[PDB]
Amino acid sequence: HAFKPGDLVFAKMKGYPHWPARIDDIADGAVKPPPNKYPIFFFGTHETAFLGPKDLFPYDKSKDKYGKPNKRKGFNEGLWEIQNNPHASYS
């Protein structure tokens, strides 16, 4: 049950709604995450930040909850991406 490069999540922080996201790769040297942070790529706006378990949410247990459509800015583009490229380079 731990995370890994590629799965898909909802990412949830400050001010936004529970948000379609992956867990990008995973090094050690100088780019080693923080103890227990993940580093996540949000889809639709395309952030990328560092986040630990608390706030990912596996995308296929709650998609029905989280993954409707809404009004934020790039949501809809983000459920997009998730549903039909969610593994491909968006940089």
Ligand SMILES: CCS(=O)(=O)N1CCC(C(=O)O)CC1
Contents of the next structure:
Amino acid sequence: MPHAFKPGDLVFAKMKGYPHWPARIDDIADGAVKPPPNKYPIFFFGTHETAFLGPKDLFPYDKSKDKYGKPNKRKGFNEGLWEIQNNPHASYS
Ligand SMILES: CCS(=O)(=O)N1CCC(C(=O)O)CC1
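What's the form deposited with this ligand bound like, now that we've got the form deposited without this ligand?
Okay, now the whole complex, with that chain kicking things off.
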């Protein structure tokens, strides 16, 4: 049975006007800006951008990859696919 999301979990993350995007739940570093309540810091692979999202927009990677894990034309998407599959826990700073 599922637990709540935790730092290191891999997902496709959905934001308005974008295809479901490979991403991970990030840690918050000491001294770093915390997300609003009920929100998680989401690091998007490929673009290397962060946004704050709630669970409604977070699709666990293993379950969803056969649907969402396909090449897309959008900038940084295919880079993103490589990273989630090949080094999802690396530093991309
Ligand atoms: C979600 C795909 S993305 O990595 O291109 N990026 C789009 C702009 C987003 C924002 O509006 O905050 C951050 C995420």
